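Read the single chain below, which is given as structure tokens and is the form deposited in one PDB entry.
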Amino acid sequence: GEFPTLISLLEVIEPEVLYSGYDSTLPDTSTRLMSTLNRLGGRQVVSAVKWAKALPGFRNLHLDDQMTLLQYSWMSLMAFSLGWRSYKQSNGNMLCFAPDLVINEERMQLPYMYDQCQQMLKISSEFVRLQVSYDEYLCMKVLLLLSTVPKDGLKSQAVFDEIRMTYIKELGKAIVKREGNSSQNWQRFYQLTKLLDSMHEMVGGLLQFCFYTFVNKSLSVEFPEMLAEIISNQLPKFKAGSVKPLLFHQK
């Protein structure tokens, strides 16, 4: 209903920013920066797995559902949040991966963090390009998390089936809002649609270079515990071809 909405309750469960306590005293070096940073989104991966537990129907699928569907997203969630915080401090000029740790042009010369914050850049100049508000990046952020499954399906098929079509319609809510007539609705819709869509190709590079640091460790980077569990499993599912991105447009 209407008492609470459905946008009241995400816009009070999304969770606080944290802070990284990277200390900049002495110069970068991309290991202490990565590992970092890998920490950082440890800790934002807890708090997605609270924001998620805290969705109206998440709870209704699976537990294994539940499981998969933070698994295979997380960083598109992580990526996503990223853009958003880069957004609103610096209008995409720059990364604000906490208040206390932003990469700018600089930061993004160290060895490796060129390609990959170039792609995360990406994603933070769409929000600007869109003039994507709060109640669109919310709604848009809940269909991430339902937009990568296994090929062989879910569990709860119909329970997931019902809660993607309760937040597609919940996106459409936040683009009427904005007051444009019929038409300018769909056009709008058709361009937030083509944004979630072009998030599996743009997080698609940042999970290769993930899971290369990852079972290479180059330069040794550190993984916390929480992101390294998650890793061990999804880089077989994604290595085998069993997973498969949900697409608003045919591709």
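Numbering follows the first chain given and starts at 1. If you superpose the two forms and keep the largest set of C-alpha atoms that fall within 1.5 Å, you have the rigid core. What changes on going to the form deposited in another entry:
Note: rigid core superposed between these two forms; among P111, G153, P99, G180, the CA shift is 2 Å or more only at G180.
Core-superposed comparison between these two forms: the CA of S218 exceeds or equals a 2 Å shift.
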Second form
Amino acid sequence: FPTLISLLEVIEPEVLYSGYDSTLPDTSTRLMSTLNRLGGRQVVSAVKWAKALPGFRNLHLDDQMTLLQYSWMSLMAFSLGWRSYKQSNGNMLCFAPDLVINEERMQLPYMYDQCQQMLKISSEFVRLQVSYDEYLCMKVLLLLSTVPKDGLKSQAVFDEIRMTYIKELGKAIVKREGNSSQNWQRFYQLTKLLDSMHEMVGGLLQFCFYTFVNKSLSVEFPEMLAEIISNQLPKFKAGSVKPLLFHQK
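The form deposited in another entry is what I need now, so please give it after the form deposited in one PDB entry.
Here we give the lone chain, stripped of any partners or molecules.
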């Protein structure tokens, strides 16, 4: 019988190439615009992933939109963290197979602090030695971990799917090779990591919001990403969104 984890492995999108043009000198504006073009295409792939994620399309369409609009940066930063862990052990930001940013290439204006925060996310995978199946279950949980304070249109469906994936993360921990001796400690550590992602991504989001609204910086955004940010930004800045935390703050 096929398992839900086996399905998460099969539906995970292939890694995209950027098409970065190395012939021009790096500038913060050009690099950020290139990263946003790659990000918009990664978000398209993440939407197709969510459509294929078992249970997700049973949500009301407005809730599917809300969850993707609220969680997109968490999903992208978590996956960047994973690729940087697998490909460089957290030493370089592995945005794409043709766009790998090492510590020297990140000393451009504005870039350094944001890039260090993205490396911090990847360092958590190193510290915890996260398995691929644990990563896949946690990534689903990030899609399901930011909601309106006023609730969702299909709340009972949402509560059921979120509980299903919480159980799946448990299964991924139990199926790591070793014994059951450390399974509660592991679940505690990975849910502490999930809770920490809200803060770790929050600064990335504030930076993205500033580069989006301040047109004088000349950072380009592709169309679907601009639409998503335009909807997400006012809700986040007004304090109308809440993270679903596993632990007391």
